[PDB]
Amino acid sequence: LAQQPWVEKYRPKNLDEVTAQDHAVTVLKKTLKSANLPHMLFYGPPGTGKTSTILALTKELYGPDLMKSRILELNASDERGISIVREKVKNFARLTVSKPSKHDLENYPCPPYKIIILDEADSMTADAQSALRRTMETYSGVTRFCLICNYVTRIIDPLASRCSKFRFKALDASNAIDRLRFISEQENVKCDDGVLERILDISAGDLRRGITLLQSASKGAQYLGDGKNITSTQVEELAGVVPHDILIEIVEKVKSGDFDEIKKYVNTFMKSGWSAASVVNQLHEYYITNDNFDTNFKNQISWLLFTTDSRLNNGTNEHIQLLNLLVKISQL
Amino acid sequence: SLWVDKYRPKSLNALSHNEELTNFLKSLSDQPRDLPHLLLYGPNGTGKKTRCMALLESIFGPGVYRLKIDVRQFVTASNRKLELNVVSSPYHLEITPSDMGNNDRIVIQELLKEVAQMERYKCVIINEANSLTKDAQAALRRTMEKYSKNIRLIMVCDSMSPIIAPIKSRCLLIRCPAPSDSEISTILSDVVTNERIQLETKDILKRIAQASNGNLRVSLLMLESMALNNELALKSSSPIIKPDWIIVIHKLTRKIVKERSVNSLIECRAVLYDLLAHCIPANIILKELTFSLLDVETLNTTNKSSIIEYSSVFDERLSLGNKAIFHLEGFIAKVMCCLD
Amino acid sequence: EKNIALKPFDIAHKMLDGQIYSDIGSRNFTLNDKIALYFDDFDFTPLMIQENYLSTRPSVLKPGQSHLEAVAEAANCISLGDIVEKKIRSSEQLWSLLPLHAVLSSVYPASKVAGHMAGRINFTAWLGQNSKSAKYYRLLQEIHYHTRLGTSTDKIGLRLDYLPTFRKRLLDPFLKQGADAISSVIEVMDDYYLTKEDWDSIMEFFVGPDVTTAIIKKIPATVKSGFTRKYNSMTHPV
Amino acid sequence: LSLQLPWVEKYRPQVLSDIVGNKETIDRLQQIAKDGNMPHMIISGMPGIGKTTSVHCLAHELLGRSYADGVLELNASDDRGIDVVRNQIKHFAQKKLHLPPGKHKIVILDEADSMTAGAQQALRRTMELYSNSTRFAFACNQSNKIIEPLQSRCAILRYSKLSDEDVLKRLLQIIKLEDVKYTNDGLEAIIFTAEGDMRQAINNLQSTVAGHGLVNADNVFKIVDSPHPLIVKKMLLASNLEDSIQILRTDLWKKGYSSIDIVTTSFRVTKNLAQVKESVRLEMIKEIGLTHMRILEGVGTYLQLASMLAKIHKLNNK
Amino acid sequence: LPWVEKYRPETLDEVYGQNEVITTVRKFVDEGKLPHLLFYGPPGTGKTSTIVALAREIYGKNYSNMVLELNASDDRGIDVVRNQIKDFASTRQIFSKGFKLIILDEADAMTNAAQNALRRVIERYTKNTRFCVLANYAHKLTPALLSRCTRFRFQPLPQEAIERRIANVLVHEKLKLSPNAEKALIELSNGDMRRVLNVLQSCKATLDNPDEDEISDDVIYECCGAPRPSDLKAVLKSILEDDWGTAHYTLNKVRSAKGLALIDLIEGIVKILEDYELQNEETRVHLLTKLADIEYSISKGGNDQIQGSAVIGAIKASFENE
Ligand SMILES: Nc1nc2c(ncn2[C@@H]2O[C@H](COP(=O)(O)OP(=O)(O)O)[C@@H](O)[C@H]2O)c(=O)[nH]1
Ligand SMILES: Nc1ncnc2c1ncn2[C@@H]1O[C@H](COP(=O)(O)OP(=O)(O)O)[C@@H](O)[C@H]1O
Ligand SMILES: Nc1ncnc2c1ncn2[C@@H]1O[C@H](COP(=O)(O)OP(=O)(O)O)[C@@H](O)[C@H]1O
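Chains as they are written, first to last, in the numbering used here: chain A, 561 to 892; chain B, 11 to 350; chain C, 3 to 240; chain D, 28 to 345; chain E, 22 to 343.
Since the hints were derived computationally from the structure, they do not count as laboratory data.
Built from N, CA and C at the ideal position, the CB exists for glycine as well.
Just so you know, not all the hints are guaranteed correct.
Stated by the list, open to error - Residues of chain D clear of chain B, computed beta-carbon distances all greater than 12 angstroms: (1) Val47; (2) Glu51; (3) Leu90; (4) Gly108.
What the hints assert, rightly or not - Incomplete in silico selection of chain B near chain C, CB under 7 angstroms: (5) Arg227; (6) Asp284; (7) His288; (8) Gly331; (9) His337; (10) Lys344.
Said to hold, decoys possible - The calculated EDC-like cross-link candidates involving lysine to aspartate or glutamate, where the alpha carbons are at most 16 angstroms apart (straight line), are: (11) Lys16(B) - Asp212(C); (12) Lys648(A) - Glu633(A); (13) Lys345(D) - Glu303(E); (14) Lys341(D) - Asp213(E); (15) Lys282(D) - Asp213(E).
Make the full structure from the sequences, and use the hints.
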């Protein structure tokens, strides 16, 4: 059997297989009915189907055979400056347009232009986006650009004005869980109760991350070889998520407020290898959404967590930061 | 050789602690062709490198231990020459790109590429993956995407937080917790039975484990040092032997606690200079000083909270700074002020 | 000729004078003059200020403020200035922050601890310590390169953990066995591809109660001569 | 009739006496040129102050006619490589030339602090080998980064930022050379804007002459693209934070001034607030520098300036 | 043709707002002399418009064969534009007398070496060719090239002139613009006429009926990809009035569904809060300091959810001071 990531294995092939993006699919179908395809700005929460929808539109345009020749897929966060991405775009545009075959012409409405897709375009700097706008202006005759992003507001106005914008709604929990369940049933993945829900919660609704985590869990279960169902602890381990019992013990140690007990527990915890950033994130999730804490406590603890996260992002010692954060929370 | 190196497990069957991880590694090695990229994260001196070498031995045979060290020369675009120490075997390579600092990225983009041109696959071990720059990590992700056919990466780190998300998604996360005190005691008992060391009681070994704070390498070296000091006859009254820098740091902590003045700060400056001039890292000094100060029994809760807050602040400043003595002296001065 | 080397001392002495920080002293000697004093020698003034700001008797202490609080504030500012200097001297070349660095490294810490020089203006000791640290790090890198195939550790782990036991396996047997431990020491060195130069370098890394200079000097010269003769008389692994 | 030339290049210092700042360094260079026998030198200072210009003036005063081929300028950070520039230096040194007996060839190396220890050792060896023929002058931002043998063999020279008196003297000399109507406030404004940058001050004076002719404060601040110092002073000294924010939003942010110019002018004005206590001025300068560092890292939004004003007001009102 | 080129004024008399610079250049135009000019300032002020208007006024109808306009940041490279400049300088015509005119737009994007090469070429062809340098900032240009040209600064256009130009464009294109849409467009463009014209053309393109339909503020905000004031006001109201859970849910939902980045949300919230009448100065101090700290931390990366909750907590704690 061939090996392929399940993210690219289960991408929808045509626009009719997009589940929850009714508005974007309808607008894209209307645009496809028109003889001219403008520049496109696909924006929305991650794992909603932006890349899937643009790939489906590209296939319905060029045919399954000629799609690969007419498409340049790039990631906008590529390092070594904007120069590498812009030069690749220039080389793709200067390259001669492949002649469609008789079968492709008679079966699909092949347009003269080629499509360049940029992923995570919102991560580009302002100068990089201005250079991309210049390149799009120069080669507007033969190349149509599709910019995929999470935040449309991170794209400069001069670049955004040239693009017709498609907003993708966040996938409902039922739709994402049904997609994950269908993928698991197709691949004969055995899962316990609430395992897919735990995967969705860890991925924060991102279906790409959920599918990747499900594939990783299936691989781990195959490695184990006992034939038992995948459990929540396994997927927590694979995603680097601290178990809930340890977080509850941390919360209780904070509540007691003894400095020596907290220091001893943090010393014991740092030996287990759990990531401190995951601990800070889960403490934030627990405390902010908890109804047993008043407004002042949350006001203080949000700043405490923000300071701890900012210091952790600088590449510091996890033990000291975690102990300081826990002590400061316990003094609240 | 030293007991820490003579009795290092040379195979997956020779591992004695973290049984679940050993079984997982055996299952992983059972299918060499479908071996994923691995990222082993855990505390220092727990056996990550030993487990990586044992997995490589399970895959490619004992020949992975025929290690030869060479120096590879690279040219970066400003026409600058860099030298990287590469430990290679007929089956795998080991690199520590962080030794090149910000110049790690280009080095990787060379060396891995060269191996991909030379090549079923060759395993590349990357040490201190958490200290790689973000550009180097992006280049590593690119090489994972491109040369996955011939390159399988095994990264080792103490903290997975500095690792970027795209690297994490494409690699298998392996958590390596530090062994419990019972496992450390069992390992030390095996070592002393192999070396014919007299023990009044096994409790001494337990104490050594409690002194190592879960660091198996530290516990083994401490056991060897204690055996050497006591003429290969360990007694229940044999004191725990600590390294010189730890003793100096404890003396500095006692000095700081006892007296708080400008002259004491001046002498602490000389102590810190002595520590820094002999290859003791600033972060290590700060961590040891802070956790020695927090262990003083005469300090109240407020003093310890102030100490830990200043430790966090000056640890961030050390990570963002260039001159270590500046931040260390600032931290010590703040602690001295807070103790009064 | 020699006054060029005296210029940093003069700058440090002038900037730590408490007179120029009172109201009248500030009016006569403005902040522009102090930043100009920094820019007279922008290589040594931060180092001299960091070196000599603990040797003053302050006359600018606020009411209710002790000397220790002032030196703590000065050290806080000095560390901030060190961060600024790192950002300036990085590949970004943010030289426009040179004035700010001044205030963060020379002017503000001097303001907090300005007074009378209790002693003498000492030259900065950071340069020599930095050179010493670089030399010892090169030595540690060489030792790690030699012993990498036998030890499962990084360079820092080699310094922190392995070297204390290498001391007991390479130097301690001499003090108790005379020349009888030469064979064992040579065997231990051969197990890790350690040369006589590496043996000399290893003993220089220890601090505090583990310093080996006096201990090695107390070793009889006959024992050392026998050790080097036996090492030179036999071939060793490479 | 001839092609026009900018004043920065026309009145650039050509001889040693034309340099105004660095009295000690210029005096030592003049003595060395007077008695001949130029020794090996290193010169350290912040970039953009004219170390290369001073060593070129010394080379002129030494050689004269033979300056065209007797001086080689090279950058140690050149992308061609350290080995290539070392070979070029060797070729230049081995090139025989009939100089006067008391003179030697001159090599001016830039960014010598960026070289590795081995490269510096090789350069020292080459300098020793060709000592009788060519003498070396190095320019570095960090004097301490140079290895000890090079520092011991080479003389020490330090170039520093020009003081306001030197800038005023040079501006007066230029005004005497080219007939320009000027006023005291205009020259004070030019000196205030150019913080020891002689080239920037000369360019600003030339632009003011070209645009308005007469050099007064209003014309200088119209030519200069930085915010007007009085507006920044009003923003900083406002007793109400709302007034400061209002001034920042209307007179500075909406006028197209970049955040870098705003923070630089705030630093300049705060440094000269004689009516404010010096400790308060130092606190304000610390806050302004923190926001300047934040802006230089990419985040140069209006919120950073507003927070700077808020912190300054908090310091002012205690 | 794009609306930027088609609405460029034909003569110098039609340029608004820049009367001082217009008169200063018109002195040279009347004198029949052209020195090296360098127009610097924000985009959309009319530098290209003014220079092409004066070029047409000077050279008559034959300016096509007498002047050459090029973009200095062109993707073909510095070599191609340099060769074209040298070819135009070397080319001579029967009626070519005095100075040929070459315009280089956005010259500030060139590197130092490219600017030096351009200066050398200009000095080579000074006797028979004159050049214009259009840049956003003069300081971006190297001083060596900067000193060679007479500098002219452009100041952002007054709001009344922008409104008049917008009305003229609307009546020429038969477009109907709501007053709220006009205010939103003026606020977003902050005086950049290029942005105004581009957004107007794109909004006309998006209309299903280019004549009957009217462009609303929603269309303008969608076209510019900017946060709507209504969304930011709703988020601020939820933060100020609702409890922590409701505020957290509202902030996350709004900034995820509408695709608003946290930094843009912070900027918009600050802009809205500027108009608030606060009884205590400490509220404003805390708001500004904490929000700037959060934005600076955002610029370095970090945890997004934690930063959002930090924004919520900072606003709540600051407004606890009434
Ligand atoms: N007997 C025994 N010793 C072990 C085992 N795991 C680790 N060790 C010892 O502990 C040390 C671990 O150091 P290392 O492999 O570098 O761990 P790392 O630095 O955290 O990656 C080695 O020197 C081994 O001798 C084990 O399973 N059994
Ligand atoms: N509307 C949808 N219907 C079905 N599957 C979807 C949908 N949206 C996302 N997916 C799944 O997500 C995976 C890839 O997500 P992707 O489209 O790359 O996320 P993004 O929107 O960030 O580009 C595919 O395997 C696909 O099955
Ligand atoms: N001051 C002005 N007076 C009249 N029209 C203007 C003015 N500024 C800009 N415009 C209009 O805006 C359009 C684009 O401005 P443009 O001159 O291209 O800006 P830039 O200077 O950035 O090139 C022109 O068509 C012009 O009609």
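Problem set entry | Non-conforming hints, listed in increasing numerical order | Structure breaks hints 4, 11 and 14.
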